[PDB]
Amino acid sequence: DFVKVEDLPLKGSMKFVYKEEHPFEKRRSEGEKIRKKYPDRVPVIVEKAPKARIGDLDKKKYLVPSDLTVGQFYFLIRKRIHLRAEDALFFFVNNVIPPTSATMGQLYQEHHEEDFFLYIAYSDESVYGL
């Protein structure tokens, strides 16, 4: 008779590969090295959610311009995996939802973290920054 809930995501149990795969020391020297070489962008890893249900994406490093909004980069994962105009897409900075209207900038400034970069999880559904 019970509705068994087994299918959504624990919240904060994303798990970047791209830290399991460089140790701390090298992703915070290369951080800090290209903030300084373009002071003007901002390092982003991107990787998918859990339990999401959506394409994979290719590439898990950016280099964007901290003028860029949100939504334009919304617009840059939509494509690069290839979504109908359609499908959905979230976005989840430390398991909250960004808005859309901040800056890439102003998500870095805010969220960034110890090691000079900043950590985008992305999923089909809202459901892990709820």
The other form holds:
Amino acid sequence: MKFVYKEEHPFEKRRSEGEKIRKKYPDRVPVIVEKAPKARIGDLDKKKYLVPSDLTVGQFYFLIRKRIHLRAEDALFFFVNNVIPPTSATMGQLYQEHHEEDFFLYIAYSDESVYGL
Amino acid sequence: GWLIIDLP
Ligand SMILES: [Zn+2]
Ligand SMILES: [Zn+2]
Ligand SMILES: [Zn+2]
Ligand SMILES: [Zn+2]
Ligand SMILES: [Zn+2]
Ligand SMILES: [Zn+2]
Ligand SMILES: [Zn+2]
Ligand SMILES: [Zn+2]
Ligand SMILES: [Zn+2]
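What I would like now is the form deposited with its partner chain bound, since the data block earlier showed the form solved without its partner chain; can you produce it?
Full complex below, order starting with the chain above.
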């Protein structure tokens, strides 16, 4: 997936920010959240999150749903490298497994249960 | 530019 954040900031600038924020806040992880292409879902006002490592994916879902102003029956799915993470996993575990070389974790969100469909 | 998230 193309993330706008990656297209707008060269890798060396993102990597230096990721290293700095990880050294400054060792118990938090930096997360970029963007809408999947051709998803049919409301926009997200902010894309750059500094998240406690012990926050769960499910707790992050709840917060992101509220930021988008979704109704209960409006679906929301997270994808990390096209895979939906478990809601009981911590954001720190997801970050350790899947953060990119700029030290950011990248999450795509969609209304759909499969990426790219 | 960070949105700070906290444990509930
Ligand atoms: Zn932009
Ligand atoms: Zn920027
Ligand atoms: Zn802890
Ligand atoms: Zn609302
Ligand atoms: Zn996991
Ligand atoms: Zn995982
Ligand atoms: Zn690492
Ligand atoms: Zn994983
Ligand atoms: Zn590389």
